[PDB]
Each structure stands twice: as structure tokens, then as C-alpha cells.
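Peer 1: Construct the entire structure; sequences and hints are all you get.
Protein chains: 2
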Amino acid sequence: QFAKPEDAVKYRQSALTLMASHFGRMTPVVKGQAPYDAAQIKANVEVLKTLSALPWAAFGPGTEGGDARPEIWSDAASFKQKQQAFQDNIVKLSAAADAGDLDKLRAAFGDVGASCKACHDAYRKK
Amino acid sequence: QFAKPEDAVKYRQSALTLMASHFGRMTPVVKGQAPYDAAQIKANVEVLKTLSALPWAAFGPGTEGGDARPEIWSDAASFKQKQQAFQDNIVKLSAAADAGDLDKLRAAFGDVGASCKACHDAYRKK
Ligand code: HEC
Ligand code: HEC
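Residue numbers (the deposited numbering), protein chains in the order written: chain A, 1 to 126; chain A', 1 to 126. A prime marks a further copy of an entry chain.
Rather than coming from a laboratory, the hints here were simulated on the basis of the structure. Careful, some of the hints might be misleading.
Heads up, incomplete: computed chain A' residues facing chain A, CB under 10 Å, no partners named [said to hold, decoys possible]:
1. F2
2. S14
3. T17
4. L18
5. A20
6. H22
7. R25
8. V47
9. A58
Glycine included, each C-beta is placed from N, C-alpha and C at the ideal position.
Peer 2: And the structure:
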């Protein structure tokens with residue numbers, strides 16, 4: 001699927017755009033501005049779970065470009081921990097959404113959002 | 001998630017790019033150029049199933065733009081049938097992939113690809 005590095009960059013940017021949309025659209029629910037519909041949130045968090053696994057294999061060898069910093073590949077073990085923290089927080093979000101637990105969901109949502117920004121601060125060009 | 005029509009256009013283009021990647025990457029398998037790994041294809045077709053439901057609600061009212069033709073909204077019942085044929089063919093693809101049946105999978109894959117092009121021919125700017 002990534003014949004040239006520019007195809008990996010197009011894929012990962014598309015996946016990240018879709019993640020941002022499925023994550024950010026829950027902000028009014030977690031802030032009490034819109035009603036919590038447990039079943040609809042469960043379904044949206046499942047879409048976000050699928051999308052959240054997709055960008056990383058499009059940062060494979062040789063796919064420098066876009067707004068990715070070089071240290072993604074030069075400090076690969078450190079990048080992997082930032083990616084892992086995010087993906088661990090998506091597991092917690094899915095557990096909260098599956099349980100219908102709005103306290104857990106809002107806490108997990110804040111942890112996901114902080115881990116998006118913690119990776120950006122180290123690995124995304126400003 | 002689509003505060004301005006340009007946000008709906010960015011979302012739907014991103015979803016369609018991800019669909020194209022998850023669909024097209026199976027072409028060598030269905031053409032016998034790469035080995036059929038039933039479990040990996042099942043998992044990829046599940047990603048494609050999730051992605052295939054996403055673009056359509058970002059062609060909502062008022063979201064004219066991109067390479068969408070106007071007749072998507074002026075002939076809405078006709079667009080709906082093109083979208084339905086595609087989504088019906090994704091159900092058949094998921095059934096083949098879940099059953100591990102490569103004859104069914106390649107037949108369903110051709111039907112999906114034809115329905116992508118049948119919508120493009122009527123509804124996507126050349
Ligand atoms: C590193 C482990 C990351 C985590 C976790 C998340 N993001 Fe990210 N993001 C990352 C990089 C290296 C880039 C640049 C990719 C490129 O090659 O250009 C991005 C980019 C985005 C974008 C812009 C995509 C675009 O259209 O070009 C968005 C919208 C984005 N990131 C959002 C986002 C969200 C909402 C996250 C958590 C829910 C998230 N990112 C995590 C690296 C990483
Ligand atoms: C109508 C019912 C469609 C079906 C079924 C599929 N596609 Fe499509 N496609 C459609 C439109 C109206 C557009 C333009 C969207 C816009 O506003 O610009 C598209 C666009 C694409 C693109 C380009 C996305 C981009 O990056 O800008 C791709 C890669 C794409 N379409 C692929 C694709 C595939 C592989 C499909 C079936 C598996 C498929 N499309 C179905 C309308 C419709």
C-alpha cells in the first residue's frame with residue numbers, strides 16, 4: 001500500500017485526520033454539553049479503536065517526510081513508548097465506553113488527549 | 001465534526017483514501033501473486049468494513065465541494081442506490097473473508113471494485 005514514501009505519508013495523515021475527528025467529536029459529551037448516549041459512544045469508540053491502530057505501520061523504514069520529525073526513526077525505542085502510551089489509553093477508553101461508565105470515559109478521554117499532545121511535542125514538526 | 005463544509009470534504013477524502021488503501025492492497029492476493037493468508041485477510045477486511053461506512057455521512061446537506069458532483073444531492077435517491085450497491089458488496093466481501101473462501105473473496109472483491117467505479121462515473125468529478 002505504500003509504494004513510495006509519499007504514499008505512507010498520505011496514508012498516515014489520512015488515518016490521523018480520521019482519529020482526530022472520531023476523538024474530538026466526543027468533547028461536548030465528556031464536557032456535559034451534550035447528552036451521553038452510551039450505545040452511540042460505544043460504537044464511536046469502536047471506530048476510533050480501529051483507526052487508532054492504523055497510522056503506525058505507515059512510519060516504517062524509509063518513510064521520513066510530512067510533518068514527522070527524524071527522531072521518530074533515530075530514537076525508535078522512545079517513539080515506540082509514546083505510541084504505546086497512546087494505544088494503552090485507547091484500550092482504557094474502549095473499556096470505559098464498553099462499560100457505559102461516563103466517569104471512566106471522561107478520565108480516559110483526557111489521558112488519550114494528553115498522550116496525542118505528548119507525542120506531538122516530541123515528534124511532530126511545529 | 002464537520003463545522004464547515006470543508007471539514008466534511010477533508011473527512012470524506014481521508015476516509016476514501018483509507019478505503020482505497022485497504023481495498024487495493026488485497027489485489028495481489030486475489031490475483032494469485034501473493035499467498036492467501038485467511039486470517040490476515042479477515043482482519044484487513046474488518047478494517048475495510050469499518051472504513052467503508054464512514055464517508056457517507058460527510059456528504060450531508062450543505063457539503064458540496066471537493067470532487068463531488070452536484071448530482072449527489074440533486075439526485076439523492078439515485079446516489080443512495082450507488083452507495084447501497086457498494087455497501088452491499090462490502091457485506092459480501094466480509095462474508096467471504098470471514099468464511100476463508102478465496103473463490104467468494106475474489107468474486108466479491110471484483111464486485112466491490114466495480115461498484116467504486118460505477119459511483120465515480122456518475123458522481124465524482126473527472
Ligand atoms: C505519536 C506516537 C503520535 C500520537 C500518539 C498521535 N499523533 Fe498525531 N501526529 C503524529 C505525527 C508524527 C504526525 C505528522 C504525520 C506526518 O507525516 O505528517 C501527526 C499528525 C497529526 C494530524 C495531522 C494529519 C494531517 O492531516 O496531516 C492530526 C489531525 C493528528 N496528528 C491528531 C492526533 C490525535 C487526535 C491523536 C490522539 C487521539 C494523535 N494525533 C496521536 C504523531 C502522533
Ligand atoms: C459513491 C456511492 C462512491 C462509492 C461507492 C465510492 N466512491 Fe470513491 N469517491 C466518491 C466521491 C463523490 C469522491 C469525491 C469526494 C470529494 O469530495 O472530493 C470520491 C473520491 C475517492 C478518492 C479520492 C479521495 C481523495 O483523497 O480526495 C479515492 C481514493 C476513492 N474515491 C476511492 C474509492 C474506492 C477504492 C471505493 C470502493 C472500494 C470507492 N471510492 C467507492 C464516491 C464514491
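Peer 1: Would you mind marking each hint as holding or not holding in the structure?
Peer 2: Quick rundown of the hints versus the structure:
no.: 1; hint: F2; result: 8 Å, holds
no.: 2; hint: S14; result: 4 Å, holds
no.: 3; hint: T17; result: 4 Å, holds
no.: 4; hint: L18; result: 5 Å, holds
no.: 5; hint: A20; result: 9 Å, holds
no.: 6; hint: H22; result: 8 Å, holds
no.: 7; hint: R25; result: 4 Å, holds
no.: 8; hint: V47; result: 6 Å, holds
no.: 9; hint: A58; result: 9 Å, holds
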